[PDB]
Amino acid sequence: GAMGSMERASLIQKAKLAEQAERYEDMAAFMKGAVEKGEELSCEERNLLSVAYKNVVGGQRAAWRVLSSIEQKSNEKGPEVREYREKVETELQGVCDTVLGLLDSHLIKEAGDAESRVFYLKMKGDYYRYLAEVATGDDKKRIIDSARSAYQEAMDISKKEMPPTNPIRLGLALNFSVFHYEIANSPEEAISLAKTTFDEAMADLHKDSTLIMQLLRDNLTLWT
């Protein structure tokens, strides 16, 4: 597409340059072209991809929530807020559809490696859940099936290949829990998985993913 002509190794360097200038909007683009090349990503690369898209899709859900609030506070004045909440909704739908078809068409590969397979399904997980945050109807139904199916198939492959300290499994756990609580209407399972996680982890504390457990606990506080 818009980045076919560019050398792979240059895409990365520009990505990293974007990073510095904080043009995550472009950083994402660069990295997209990066992926489209067909070669597998390094660790350092995955993280750029991740970060660039985290940052874009992030501030999107941010202005959505800002707008979505101002849509409740307007339950006692004009359709303008609904439309502009719709426009932004679209944009986010769009970016998620992008990341989801990268993950699909390239990054989750046949055998792959164990450590990365998980990074990628965690990602599938989150991006189907950001869709869920704003989806509705039967559409919202089908989306949840997908985030679950994903987060799950990752859950399996991580605890059967990683130690409970590994910040990736902690992360994956953490979000799969947020998913249980916030999206799948299961505080029952969300509470119990945040706990099973924070416990088996606090145990083998002999990297520094103590920061992830601080999130796990922070959450469990609000849930009870």
The other form holds:
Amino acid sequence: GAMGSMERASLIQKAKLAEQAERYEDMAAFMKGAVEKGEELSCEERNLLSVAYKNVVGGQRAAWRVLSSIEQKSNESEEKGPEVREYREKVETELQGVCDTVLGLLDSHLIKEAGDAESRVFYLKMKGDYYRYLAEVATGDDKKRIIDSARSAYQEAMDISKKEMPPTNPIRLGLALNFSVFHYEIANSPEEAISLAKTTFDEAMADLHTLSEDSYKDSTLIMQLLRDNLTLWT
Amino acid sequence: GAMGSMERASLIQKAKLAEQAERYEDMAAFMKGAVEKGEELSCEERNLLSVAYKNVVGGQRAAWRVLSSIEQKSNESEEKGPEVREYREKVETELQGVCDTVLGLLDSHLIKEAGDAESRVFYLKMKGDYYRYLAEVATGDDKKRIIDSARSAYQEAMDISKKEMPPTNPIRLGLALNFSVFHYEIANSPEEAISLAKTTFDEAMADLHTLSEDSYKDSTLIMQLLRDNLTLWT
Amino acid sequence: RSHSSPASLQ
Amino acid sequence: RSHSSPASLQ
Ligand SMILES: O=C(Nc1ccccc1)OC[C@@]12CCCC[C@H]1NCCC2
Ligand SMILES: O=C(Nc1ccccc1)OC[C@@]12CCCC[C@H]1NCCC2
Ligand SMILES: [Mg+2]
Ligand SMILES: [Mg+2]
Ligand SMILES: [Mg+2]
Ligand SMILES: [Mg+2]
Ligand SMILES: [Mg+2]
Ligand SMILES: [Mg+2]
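Okay, that was the form deposited without the partner chain. Show me the form deposited with the partner chain bound next.
Once more the chain from above appears, this time first in line as the rest of the complex follows.
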């Protein structure tokens, strides 16, 4: 790894600078380097890792959707040659590479060292998320297995979160939100998505009374996304 | 060049797709490949080249400004180590590399084959612009020479544009706009900047009567930027 | 599409 | 700062 010679603390500092500069590819490289030091990540460091890669893959997903739409239109009328497919495939392969990189960091060795609920759920949610992003572009004989890998990671995270975290915990909420998106957008299970979003929202509502003002703000922000989806889906 | 095996027309097509997908690094790579085919560029192709690199360097300039501001604040109070300087230098070196790449394409061999006023002025303006971006970050013993290289390119473009193009020509207007920015922001010549912006604006105003509705829209868009700067500068 | 979680979670 | 030209010019 090209970050092997940089101090862990310097990598974290530079990831924060890269975030401020909106240099998310750099930020991801710095955070990958930090992970590769082999030590566990703190809460703040896990968040930096996620911000970095979410922004990188977000640009790729947005580009892939633009290109896929153009490609589908080109098949509805004039023949334009292989270029749209080729360039969609180029972006797709790069996106798959980023997802594979994240999944590799989780498997070597973030998840296996994560013993506390907050870290383990966060990483299993991330595993589900990056398999979900792979599923968004999958079409061949492995699509079903990719979908099931996302489902399995989300389900393990859900099982831990329900046993170990209050219903308003932002990690628990974000996980449930994303698993509901998986059901609606990936698994062709809109009813499951709606039911999960509704139960998550109501159970969180009932636990808000235990929270400080700052925690209330964190939890209600994610609850609003559940509500926004329920409005789109019903 | 990694684009040597791709057809010129396919590179242009993919540059347009990359633009739609907001993949400006790809767009620049495709347009560099197109230039390296050795043929002259059409008006539309010159615009694609400029859009691609302007967006790439724009992200780098924005990042450099964020980092430079943090670095200057860190010198006003706690010592934080070499990391801010190092990362500012990393972004700076990448920015300089992009500018050097563009200047290299102009020198090998876009400018020397550009005989028509519209192409030659466009490329000389670009040369001034990329030396200007180098000047924005320059500090050592070559800063004066970088500034003078920008000035010389802009001046040659101005001399051609005044002889060969009407005052409302969008290339002429954009050149004058950027040379005025050079005077104000780089060369410590705000009066020259103001005078150039004013004379450019008034001479364009007087030529609008010759234009069609579509050309009028093109020219007045750039004239508004001259006015916006005059408001900032006075 | 649907809304998913922000990257940073407390 | 100051406004500079858009990249595309007709
Ligand atoms: O955001 C807020 N309120 C708030 C936040 C911060 C400071 C002050 C007030 O709650 C959103 C939500 C959950 C809690 C009750 C209101 C409800 N409204 C529908 C969506 C979920
Ligand atoms: O944009 C427009 N007008 C317009 C454009 C498109 C269609 C209809 C009208 O002109 C801007 C400018 C130059 C020309 C006269 C007005 C003037 N106003 C100050 C700035 C320069
Ligand atoms: Mg036809
Ligand atoms: Mg542990
Ligand atoms: Mg929150
Ligand atoms: Mg102190
Ligand atoms: Mg020629
Ligand atoms: Mg215009």
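Numbering follows the first chain given and starts at 1. Rigid core here is just the name for the largest C-alpha set that superposes within 1.5 Å across the two forms.
Here residue 188 exhibits a Cα shift of 1.7 Å between the two forms, evaluated on the superposed rigid core. In the core-aligned comparison between the two forms, the Cα atom of residue 109 sits 2.0 Å away from its counterpart. Its Cα shifted by 0.9 Å, residue 166 is compared between the two forms on a rigid core fit.
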